[PDB]
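There is one chain below, alone, in structure tokens, taken in the form solved without the ligand.
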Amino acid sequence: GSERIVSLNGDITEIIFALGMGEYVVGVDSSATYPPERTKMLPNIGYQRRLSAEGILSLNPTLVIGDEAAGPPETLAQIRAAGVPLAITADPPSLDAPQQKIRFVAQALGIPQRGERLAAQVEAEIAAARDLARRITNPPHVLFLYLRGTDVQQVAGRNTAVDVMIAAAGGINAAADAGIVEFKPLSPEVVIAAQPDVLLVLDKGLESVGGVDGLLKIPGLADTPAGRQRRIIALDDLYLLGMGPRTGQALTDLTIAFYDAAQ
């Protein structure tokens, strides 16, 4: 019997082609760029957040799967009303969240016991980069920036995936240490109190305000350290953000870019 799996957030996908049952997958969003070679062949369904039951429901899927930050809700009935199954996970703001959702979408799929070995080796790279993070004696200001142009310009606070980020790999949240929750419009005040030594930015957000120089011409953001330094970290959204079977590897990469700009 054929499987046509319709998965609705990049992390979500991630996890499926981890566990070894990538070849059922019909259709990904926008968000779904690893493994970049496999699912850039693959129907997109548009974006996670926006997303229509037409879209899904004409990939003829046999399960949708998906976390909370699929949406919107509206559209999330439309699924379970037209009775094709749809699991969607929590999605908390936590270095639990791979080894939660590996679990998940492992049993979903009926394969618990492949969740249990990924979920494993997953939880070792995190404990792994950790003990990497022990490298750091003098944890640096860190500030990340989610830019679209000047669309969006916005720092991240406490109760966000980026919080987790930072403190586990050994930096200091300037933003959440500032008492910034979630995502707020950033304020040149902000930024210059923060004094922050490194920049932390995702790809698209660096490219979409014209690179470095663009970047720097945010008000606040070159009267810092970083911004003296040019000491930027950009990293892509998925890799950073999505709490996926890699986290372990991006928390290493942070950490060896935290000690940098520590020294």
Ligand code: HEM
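Residue numbers count along the first chain shown, from 1. Whichever C-alpha set is largest while still superposing within 1.5 Å between the two forms counts as the rigid core. Compared with the form solved in complex with the ligand:
- Of the residues checked (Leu109, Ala129, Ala176, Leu118), the rigid-core alignment between the two forms shows a Cα shift of at least 2 Å for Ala176 alone.
- The two forms, fitted on the rigid core, differ between the two forms by less than 2 Å at the CA of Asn138.
- Fitting the two forms on the rigid core leaves the C-alpha of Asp151 displaced by at least 2 angstroms between the two forms.
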Given for the second form:
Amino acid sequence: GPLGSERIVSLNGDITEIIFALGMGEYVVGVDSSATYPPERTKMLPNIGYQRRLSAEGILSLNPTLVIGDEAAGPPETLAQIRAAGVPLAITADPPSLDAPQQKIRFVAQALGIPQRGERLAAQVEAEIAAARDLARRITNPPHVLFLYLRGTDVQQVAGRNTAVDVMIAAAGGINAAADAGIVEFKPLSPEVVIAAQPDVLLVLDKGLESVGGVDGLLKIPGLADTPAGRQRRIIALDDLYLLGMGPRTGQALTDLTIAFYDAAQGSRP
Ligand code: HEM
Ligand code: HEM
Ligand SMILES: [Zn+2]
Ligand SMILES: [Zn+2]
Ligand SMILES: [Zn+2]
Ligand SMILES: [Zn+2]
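Cool, the form solved without the ligand is there; where's the form solved in complex with the ligand?
Let us now look at the entire complex, which starts with that chain.
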């Protein structure tokens, strides 16, 4: 008979999104800084710190019955205090792979004792990813795409291979132009990178684009105005959790990218 009441502290924005997508959001009592979806619900919840800089006291003072996160959660010394306090904790992998959404969904569903709801969500996410990949197969002339991580004019980084964004670009039928500059993971933007990449599409984050003054500011960054992207103002700005979370909205984000890439394939050059 007896029913306990679950008090979940979720350590990562993408895990939080998945708890809410499974229908269990009312049991979440604490979230990290990156947990911006669904924004109306997560803005109301106590903050336990950023996912990689978690407060042990911020988590434990919420008296959780369960703490759940994935490999981005840290530091290790905070996880260790959770264990030493005797609070149930589980952590899952989060590889840069189109299999990560399904794996994280099954992980959360099992912890919450709803494996059937989890199979239903994973099957839908996989169907949405399938549909975007089918649209991406229409691209026979794939555009060169450069992802820029921006944090004002001071910080300008490009993402190469072994990143979630690299996986998203390729599955949406685009070419990650950071390979042409040799880039693995995150590396600084440079005159040399821009010459070698000459992207057709500039892919950025919402906040990043705001932090440089919008499209007008971005194209004041040396070299960018004169790329094929810069010339046609072909800038795609997406929310960070949406583009890079590898969560339930992965198929929706792939569809937005591939639609944009298809247009660039037709219109960027000559
Ligand atoms: C692609 C993955 C990443 C995303 C989505 C991301 C996102 C963010 C966001 C949303 C902020 C706060 C808003 C702002 O800066 O205006 C931020 C700040 C920051 N990011 Fe990142 N970032 C990423 C990767 C990195 C990496 C790899 C580093 C370090 C090597 C880094 C270092 C920082 C620092 C130092 C701040 C400023 C913290 C503060 O001022 O309080 N970021 N980032
Ligand atoms: C969905 C993807 C991501 C989102 C939404 C996100 C969000 C944010 C936010 C809001 C901050 C500011 C936190 C603060 O200043 O206290 C931040 C900082 C940071 N992020 Fe991320 N992040 C993401 C992925 C990543 C990745 C992939 C890395 C590294 C590979 C990374 C490493 C960092 C680092 C080093 C900071 C500076 C804060 C610290 O050192 O504790 N993040 N992120
Ligand atoms: Zn339980
Ligand atoms: Zn994650
Ligand atoms: Zn190339
Ligand atoms: Zn859409």
